[PDB]
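Trainee: Chain residues, written in single-letter form:
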Amino acid sequence: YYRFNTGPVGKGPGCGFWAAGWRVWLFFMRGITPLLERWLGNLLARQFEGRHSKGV
Amino acid sequence: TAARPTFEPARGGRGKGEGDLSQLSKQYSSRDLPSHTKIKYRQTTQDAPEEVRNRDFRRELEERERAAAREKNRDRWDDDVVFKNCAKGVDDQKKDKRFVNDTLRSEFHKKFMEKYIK
Ligand SMILES: O=P(O)(O)O[C@H]1[C@H](OP(=O)(O)O)[C@@H](OP(=O)(O)O)[C@H](OP(=O)(O)O)[C@@H](OP(=O)(O)O)[C@H]1OP(=O)(O)O
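First to last, the sequence lines map onto chains A and P.
Quick note on the deposited numbering: the first sequence kicks off at 613 and runs consecutively.
Those letters in the second sequence? Residues 3 to 78, 188 to 229, per the deposited numbering, in order.
Simulated from the structure, these hints should not be mistaken for laboratory data.
Any given hint could turn out to be false.
[As the list claims (entries may be wrong)] Each computed DSS-like pair below joins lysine-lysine, with the alpha-carbon atoms no more than 27 Å apart:
1) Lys666(A) - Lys28(P)
2) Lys206(P) - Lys195(P)
3) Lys199(P) - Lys221(P)
4) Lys666(A) - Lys18(P)
5) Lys199(P) - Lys222(P)
6) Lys226(P) - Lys206(P)
The whole structure should be built from the sequences, with the hints applied where relevant.
Mentor: This is the structure we're talking about:
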């Protein structure tokens, strides 16, 4: 925004440069994918296999 | 009743890896992910069993024992006041060399109780 709102261009909304935040949130997904695949796999495996009482 | 001791433990062989891998579950911990998947082995300088096999241990042990014993050897106005010198020959009385197998009469515990209670 400091580079965007420099001269005659004011301080309205008017700024879609979503590439930076887009990269930031996709690099979040890059690492959250194993964690959520493991967590959702255990969720589905407990729902369809049952809970093991004193197994571990 | 409710509050009771054990008098026998729980036996193993009936859960998660015991006979049929508990019939092949699809549940796994985060502590069960791959980690340290490579056994490190002893190198030639460390203590590899090729080097340990030919070694005479008694001569080297006696030499290190001799060197340790040699190191331990080479290491080692108002005259009118109503009370005179009360400590004449008290040359610090080596309590800090003694070690006592008693948690109530130890030196560390006496220092502890001297420090932490006023
Ligand atoms: O109100 P300020 O502290 O001066 O800062 C605001 C605030 O952004 P910050 O998070 O940096 O404070 C606004 O964000 P909101 O949290 O209010 O949504 C933002 O507007 P948008 O983020 O909605 O675009 C706006 O930007 P601008 O007013 O330049 O359009 C920006 O103002 P400054 O850039 O003057 O700090």
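Trainee: A separate judgement is required for each hint: does it hold in the structure or not?
Mentor: Okay, the hints, checked on the actual structure:
1. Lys666(A) - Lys28(P): Roughly 16 Å between the alpha carbons, so the hint for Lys666(A) and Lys28(P) holds.
2. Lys206(P) - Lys195(P): Cα-Cα ~25 Å, so holds.
3. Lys199(P) - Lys221(P): holds (25 Å)
4. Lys666(A) - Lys18(P): The hint holds at about 9 Å.
5. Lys199(P) - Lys222(P): With Cα atoms ~25 Å apart, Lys199(P) and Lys222(P) stay inside 27 Å; holds.
6. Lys226(P) - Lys206(P): Distance of about 17 Å is within 27 Å: holds.
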